[PDB]
Every structure is written in C-alpha cells, then in structure tokens.
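Listed here are the chains, written in short residue letters.
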Amino acid sequence: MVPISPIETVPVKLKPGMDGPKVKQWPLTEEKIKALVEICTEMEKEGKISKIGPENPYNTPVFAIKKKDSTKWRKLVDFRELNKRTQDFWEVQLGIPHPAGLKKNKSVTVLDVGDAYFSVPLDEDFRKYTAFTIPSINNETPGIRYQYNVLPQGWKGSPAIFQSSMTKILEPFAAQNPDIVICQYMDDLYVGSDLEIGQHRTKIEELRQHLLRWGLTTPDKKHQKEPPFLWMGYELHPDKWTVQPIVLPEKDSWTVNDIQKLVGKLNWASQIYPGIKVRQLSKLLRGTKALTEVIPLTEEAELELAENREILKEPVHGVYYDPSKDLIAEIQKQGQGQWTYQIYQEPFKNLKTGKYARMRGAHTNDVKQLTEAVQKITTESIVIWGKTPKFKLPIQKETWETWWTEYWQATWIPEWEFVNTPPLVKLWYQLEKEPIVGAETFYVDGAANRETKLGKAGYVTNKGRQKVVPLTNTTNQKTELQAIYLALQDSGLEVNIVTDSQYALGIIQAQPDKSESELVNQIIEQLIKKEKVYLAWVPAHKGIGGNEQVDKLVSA
Amino acid sequence: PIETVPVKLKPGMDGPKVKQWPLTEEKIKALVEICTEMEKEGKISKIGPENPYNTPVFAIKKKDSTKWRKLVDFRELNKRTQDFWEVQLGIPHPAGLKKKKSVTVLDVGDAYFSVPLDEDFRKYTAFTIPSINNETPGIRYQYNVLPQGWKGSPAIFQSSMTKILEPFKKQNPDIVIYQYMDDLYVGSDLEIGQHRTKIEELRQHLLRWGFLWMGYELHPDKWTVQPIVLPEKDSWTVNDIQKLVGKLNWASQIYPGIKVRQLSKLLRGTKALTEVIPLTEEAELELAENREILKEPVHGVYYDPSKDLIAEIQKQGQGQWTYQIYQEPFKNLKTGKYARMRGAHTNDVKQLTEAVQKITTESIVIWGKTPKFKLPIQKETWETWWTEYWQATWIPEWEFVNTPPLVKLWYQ
Ligand SMILES: Cc1cc(/C=C/C#N)cc(C)c1Oc1nc(NC2CCN(Cc3ccc(S(N)(=O)=O)cc3)CC2)nc2ccsc12
Ligand SMILES: [Mg+2]
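These protein sequence lines are chains A and B, in that order.
Each residue of the first sequence is one higher than the last, beginning at -1 in the entry's author numbering.
Under the entry's author numbering, residues 4 to 213, 227 to 428 are what the second sequence spells out, in order.
All the given hints hold, so there is nothing to weed out.
The calculated SDA-like cross-link candidates involving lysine to any residue, where the alpha carbons are at most 25 angstroms apart (straight line), are: (1) B/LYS395 <-> A/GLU370; (2) A/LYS385 <-> B/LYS395; (3) A/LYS431 <-> B/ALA355; (4) A/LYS476 <-> B/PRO420; (5) B/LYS366 <-> A/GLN394; (6) B/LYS22 <-> A/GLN182; (7) B/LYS22 <-> A/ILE94; (8) A/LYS431 <-> B/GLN336; (9) A/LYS540 <-> B/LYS259; (10) B/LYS82 <-> B/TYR183; (11) A/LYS374 <-> B/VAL365; (12) B/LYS249 <-> A/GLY436; (13) B/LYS259 <-> A/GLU404; (14) A/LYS101 <-> A/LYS223; (15) A/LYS73 <-> A/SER48.
Simulated restraints, written as ranges between beta carbons of each label pair: (16) B/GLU122 <-> A/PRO236: 47 to 53 angstroms; (17) A/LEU452 <-> B/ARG284: 28 to 34 angstroms; (18) B/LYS281 <-> A/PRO421: 50 to 56 angstroms.
Since the hints were made in silico from the structure, they are not lab data.
Backbone N, C-alpha and C define an ideal beta-carbon position, used for all residues, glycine too.
With the rest of the complex left out, here is chain A:
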C-alpha cells in the first residue's frame, strides 16, 4: 500500500433557514428497480455511495432511463430540489479563454480525469442531504436508501468544487513547471508546452507521478482527437484558430426565430470574419416575442445578408498571440451607427476581429461613437491580452484635438495614430464663441397650444426681416426647434441666432451629427451649409428686445 494524500474537503452548508429536501420517490417498474439495484450495488463497492438507516429524514427522487443502442439502463437522481436549497458557490469557470489570447504550444497531451473526479469526497456533514430511495419490489420491503460520499453529478456544488480541487492539486506542478499550460474541459485535462516531443512526454509522466500522490490515475483520452480541437465552438489548430463552420441557410420564408439564429451565427463569426454587420437584420426584431412570425426582409436586410454571404464565402483564420510584438487595433466606420475593427500584430494577420453598434439614442455623432468603440476594444484587449492596443483611427489628429478641447465633457482616447481609410470621421459644424460682426441677427421663437396642438414658429431680425409660420400637431419644444430651422433657412452664410429655448440649446450644444428627429436632422443639414453660426440664449418673458417682439408674434 502506497499512502496517498486525501483531497481536502470543502465545507458545504444549506442556505440560511432552509432545510434539506424531502421529495417523494416515484413508483418504478420492476425492471427499473432491478436495474437501479445493480447500478447502486456497483457504486457502493466503489465508495461513491453508502446505505443508510431510516433515521435520515431527507430524500431526492431517483429515476431509470436508457439509451436506444446502449443496451443498459441509466440511473438519474433529480437534485433540482436540493440545488434550490444549497448555498451559492464561487463558479470559477464562467469565462473561457479567447483563442486570440492563447500562445503557441507545439506539444499538447490530453488526459482523462473522469476517474479522478470520484476521488473528491463530499463534506461528511452534507452527505445526509443527498439521500435517495430505490423503491422495493412490490413495495413489500423498506426501500433501499443511500447517500453520496462523492460529488454527485447534477448537484449544485459539483462543478465548482471539482474544478477548485483539481486546481489546488495542480498548483505546485504548474508553479514549478512554468513552461507548460494546463486546461481542463469536461473530464479532459489538456497539457501543452512548446518543448520538444521528448521533453514534453517527460513533463507528462512527471505530472502523472505528481497526480498519483492523491491516488489519481490519468490515462490518455479515448480516441485521441486529431486537430483541430473542437472546443467551445472554435477550431484550434497548432498555428491558427477559427470559429467552427459558419454556413448561412438559404430561405424564401424567414421567421422571427430564423432571424435570431442568423444574428447569433453572424455575431459569433464577427470575431474573425471582418466586416460582419447585423443592424438591418437586427432591426427586424425590434420588439417581438412570437418566433414563428414571418417578417419579410427589407431590401436593406437582404443587401446586408448578401454582404455577409460574400464575407462568409471563404474561411478565414486568426493567429495566436506573440508577446514580443506590438498589439494594434484598427477601426472602420461602416455606416448607420456600425463600426468594425481588427486587432493584429503583423499586417494582414488578425488575432481577432469585432464590431461595435451605436447605442440607442435620440442624438449622437461619429466622434462619440468612435470614442465608445475605442473604450470597448480597450476593455476587450485588457481581458484577452492584459494590455491596451495601439489604435489606428480614421480621424485626423487635428479633428480630434478640436473636438476634445472644445467639447463640454471630459473625453480621452489612448495612444493612437491616424489611418487614411475613408470614410473619415469629421466634425460637421462648429458654433462660434463670439457674435459675428456684420452678420444679421435673427431673434427666434415658437409656441404651441397644449390642447389644440396648434402652434407658431418664426423670427425677427435687426434688418426688419420677419417670418411667422402657423403649425399643426406640434409642441412647444418642436416649435422652438422649427423657429431655429427657419432662421437657418432664411439667413446668409453667417448668422447670429438668439433663442430662449433651453431645450433647443441643450440639443445643439451636444453637437449631434444625426438624430432620430427629422427636424433636428434638417437643422443639422443647415448648420453644415453655413460658414459661421453664433447661437445665443436668453431667458424668456423678461422683456429682452427682439425676443419680446417675436414671442408675442408666435403666442397667438
């Protein structure tokens, strides 16, 4: 007998105030009972479970299923109730690595740890809560009652406790062998290095020697999978990676469910296939919960889909990470609030690609969106590679400088260089800081009756120019914007505009270049056409000349 260290038990508790489960066992057929007795008799020999007396008051129902070709019954213990009553754990497997963050390991070995799993003991004080009952034949004897000594499959804590138990066992080995990487996937343990096949095989044997200390045997996985490893939806090749095959289906009838699976594939593919776009295909899902609803594709969604088929026509791949090279991120504007990007170290050899969609909002501009994309990529790059990339941005240095020096919010983007890739991001208008000498002064105002929704908008100027337009189905805020629009339409290339609308000032001072309001868009188009615009604000109803004059014109 070679002494073997015990695996440290994790203490487990029920949620505060809650007791164990007390679910009734279902009646089973004679055949299922016979099967369960055989299975459990074997499990009991292997130490997994133990018989218990009638004092234990808890119970979880057990079942008997089977596979079609597999000529055996399968035992199933439904721990759904016990899981509801079990404490929360640290679930240390939520996130999976991204392939673009991985580094090349020429040599990779796969070990099966399905048997080490059962070496992880269940906290003795918690075992009572896992009791289950095999109903007896003809229910003429007491049912055979068992409890678990090992982490049950299907119990809430098994994944976190197993993974944490393996990690702690592997730590000294990983620490003292810095030239090897370890990842466990289901009951597969994957051990890679960049050593020669000889030195690599030696590390494996050393790892096996190490794992024997806890009595863990670990042979090689059954039917060693040749490359590429099919892992978490990817294809991991020795020198390249890509997503698994992206195939767009052909259809003349698209339902609300068909469009969701297409966005899913497209999104998944966007991490390597550059230039994927899903706006026009996402717009067809704005608000719906029935999935068979056949929503016709707009000529914009068709064009988008076909643009994706062209990109998806040929397989593309990313490379793995070289820490000795720079990390570079390049962004393009695609339109309609859509942005793409590529992250690479060598030109044309992308580590990964991605996209960024504009946030929902009534107004926005291209510089704010580009800034937001930069922040997303920054955070993604820190996750994957632990560093911020150098950015190549389709915005001139002088444009950025003008933007951040004048914009009312603090803003920042990390080290970046201009890349001349149209369409370039630009500032479409800039308001004056001071009133313009020699430019006509338009005093604008608008008003609307709350009940009738009738209103007026117009202006008076220092040259005696005047206009009032009557409006229907409008609001104070809308007439106030309309008045500014009229002044822009009716003035020359330079114009001073005086408004009393805090609402209108707040919109324009936010420097939108596009709006969900057609009226704001029209105002944007006018500003773009001007040489100089000074927009001044005054308080309403104070007797300010010009403003007082137009106020009475538009208030009935």
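We have chain A already, so just place chain B with the ligands on it with the hints.
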C-alpha cells in the same frame, strides 16, 4: 489584540458579490507579489469555492511613489456593513480642522494590519486577483486582519488609535488631529517650517508605538463660496447685456432682490448683437444694486449631516475646472476652481480624476464625509480609465451628466 470585535452585516443583507474588472498584466503581477507577501505575514489567506463573495481590487501608485500599491474597492461592503458606534455615540467631526492654516495628511492604514478581524466576518472581505484571458482561475483571498478601506477598520481600531496619540495630543493641545478611514489629518496654525517639525515629531511618535513617510499639505484657510461676479465695462454690446441678464436671472434663483427690468429696457427693439448700447442711469443703479446683493452670503445655508453632499464639476477648458458642493439646489456650501492640473495637460480624464480626489479631500476635511459626484463625462469613458489615475485609499460615489448644463457659463 487577541480578542476580535464582533461584526455583522445589516439586517437581511448578504455579503458583496461585485465583479472583478479586468486588469493589465503589470497590475496583476504587482498584486501577486503584494498578496504573496501579505499571505506570508498572515494578513490574508486563500479561500475555497464555498465563499461566493467578492470585492474588486486593483493596483495604483501613491502620490510621488514608484511602488505598486493594492487598493480594494470596498464601496459595496461598506454600505452593507453595520453602522458603527464602536466606542461612543459618534465622534463630533472637528469643525476646527477646516480653520487651521495648514493641514497634513498622514497614511496610517498600515496600523490596521496588527488587529485581527472577526473570524465570522472574514468571508465577506473576499477578493480575486484575476487571470489574463481567463487562462487560469483567479487567486482567491480573504482578510484575516482589519483591511484598509473598510468602514469597520477605523471604528474598531479607534480605541487603540486614541491611546497612541494621547501623549502627543497632551503636549500639543492646539494641534487638531482627525482620522478619516486610513488617513490622519493634522492641522495647525504655526509657521509652515514649525508645523512640518510638529508633523515630523508626530511621525516618530507613531514609530515608537509601532508610518510610511508620506504626507499631504493643505491650506483650508481659503475654502468658501466664491462670489458671483459681474462684468465691469465701459461699453456694453447687445450680446453683453443679454449675457448679463441671463446670469442675473440665474442668480435670482439664489439671491432675493435681483432685478433685471432696467437692464432689459436697454434692449428695447431688435438690435444687432454687436451693437454698443449705452447704459442709462436706471440700468447703472440696478446693476449697482445687484452687485451689492451679490456681495453678501446666500441666505439660510446650513449643513445637514443626515443628507448627502453633492458635488458638481464643469470642464471650463485650458485645464480649468469649476465645482460646487451642495445638499439642496442653489444652497451652495462651497464652490471652487482648479487650474493647470498636475501632469495631465493633454488628458481630460486624468484632470477630472484629480479634481474628484481634491474635492473629496476638501469634503472630508470640512464635513467628515465624501460627496456624491455629478461628472461631466460618459460612463463608459470614465469607468474605463479612472482607476489609472486614482491615488487615494477611499473612493466616493458618482453619477454621469449627459446633457450640457447651461450653468457652466455662469461659473465661467
Ligand atoms: C492546452 C489547452 C488545450 C485546449 C483544447 C481543448 C479542446 N478540445 C484548450 C485550452 C484553453 C488550452 O489551454 C491553453 N492553451 C494555450 N495554447 C494553445 C495550445 C493549443 N494550440 C492548439 C493546438 C496545438 C498543437 C496541437 S498538436 N500538433 O500537438 O496536435 C493541437 C492544437 C493553440 C495554443 N495556452 C494556454 C495558456 C494558459 S492555458 C492555455
Ligand atoms: Mg416665447
């Protein structure tokens, strides 16, 4: 200190479960070295999967220090930790601190590591050193001693701190010492060279009782509500008078008796913005009477310790930032301005982060608590970058302003 002070969360509240945000490789490495040493010294221990709690952690560099430093963001835990009256019903925040000529800030958080934390409460201090690219499970620790940045620490340690200082305070009755979190604030009215000596002698007294050698020098002589000032001009354009009337109308929400009738009268008609308008005698008097009103303090402004303090900040350009601290709108308790922020002439976000820290420091000195900030910045930009420039062991609360306030002009 063998005996631990029993600590509980608030009724019907679980421990914190805050996500660890991603960290660069160099910050992870710094944290691994720091925490390994903390673990060898018994200050923290590895924890198992049965602990589901988490508080975020990052790495910084104190003001003028090349050494990496660990900072735990205990904001969630602190609001979930019971309210404390450890020794008394409370320590009255010293109103004399804000009056001293000079005030020095001493980092004494290292003292906390000598007091053990209640064994039952330790699980709530859990934190994770994240891996890169999820390539390994994070390193999971919990505290065994009073952690820096935790609300409970100064309260539990207060009995010991008061005794450490009594001999010093006994001989310097005119020096005001106040503790907020991990910091002592030591103020005096005496010669800056003499004050620095007293501070210096306060430090070596700490060494004998069992530090850090760093300091911070403030001058709360000069913290007030800056007056509202109006232009003094020999010729006024239409635009000038429109700006004046708008500013005066804003001030009339704050000050009673502000009048604009005679100034508005000047703008009778529909005039070019650049036309020069001569002031009448009526308007001159009204302006003069407004100026007089603006010299006095705002009526009925009082601090209420039961309400939050609110701090607003405006970017004024060219490295200048104005700010106001208040509890109710138009009842400013303090206002100020900042220029040429240190080492950030090209970085808006660094400047804003430094303004936030300076304003929080003023708030601690005046009222003994931190304000809730209204920040002129988009959430995603702020949350990506602020930790890169943070140098303080506390962290305030903040919210984001997305609509440009018209009042930025009035504080120009
Ligand atoms: C080691 C490992 C394997 C897998 C596979 C699962 C499946 N199914 C997943 C992860 C996350 C792994 O974990 C890490 N993997 C790497 N790098 C990789 C190593 C593998 N290659 C691909 C490859 C190489 C050689 C052969 S070959 N010719 O030997 O058959 C086949 C495939 C890409 C880089 N780095 C780290 C760092 C910390 S964990 C970890
Ligand atoms: Mg009006």
